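Have a look below at one chain only, the form deposited in one PDB entry, in structure tokens format.
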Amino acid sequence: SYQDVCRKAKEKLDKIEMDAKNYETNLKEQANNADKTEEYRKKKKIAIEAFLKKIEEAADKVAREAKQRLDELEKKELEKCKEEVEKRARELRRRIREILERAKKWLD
């Protein structure tokens, strides 16, 4: 069902968003407590970027497959869902960038 595809996509994006939120919450504790050496700051920036790339890839995959799934179903409201999924992914990508911007500030 197109409505089920939409709901499941929104649920998956909420799950990824909560993963990014818990990641940032734990990162606030990790950066503030660590010995911020030149090697640590270089390594932690890479680790954060690697983690946020995985989250961004996961959200991109959800939006891409939902858009494809809906395009096939219309060959059997829909565009409203397409817009909300695109909107959620866009908002999630802005959130991911903002976590990376703040992490770079706590490390320096």
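Shifts are known only where both forms have a C-alpha. So that the term is clear: the rigid core is the largest set of C-alpha atoms that superpose within 1.5 Å between two forms. Positions refer to the first chain, counted from 1. What changes on going to the form deposited in another entry:
- Superposition on the rigid core between these two forms places the CA atom of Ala34 2 Å or more away from its counterpart.
- The protein segments that move between these two forms, counted as runs of at least three consecutive residues with every Cα displaced by 2 Å or more relative to the fitted core, are 29-35, 37-39.
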Given for the second form:
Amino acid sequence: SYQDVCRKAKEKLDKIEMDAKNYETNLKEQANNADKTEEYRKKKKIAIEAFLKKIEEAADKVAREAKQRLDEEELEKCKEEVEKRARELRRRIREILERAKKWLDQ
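Now that we've seen the form deposited in one PDB entry, could you pull up the form deposited in another entry?
The text that comes after this line covers the one chain and nothing more.
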């Protein structure tokens, strides 16, 4: 049903968002203290970008599949809600990357 599809897509996006927040918390807590050379910063930035781009692939897949299922009344309200949730997740993922680059450039 459109109700189950909506609820499940939102639940999956919430899980991806929490995984991104937990990853960010783990960066600040578990990362080791070494000489922050230009090379160290570039190596860490490319890995963080790769990790966050893979989180974005998961969010994109959940959103595209939810929209596709809702396409095949209140169904339009659900599509708007899932798309708004996908956009906000994308902005949050972008804000994590920006804070991480600022954190490495300290």
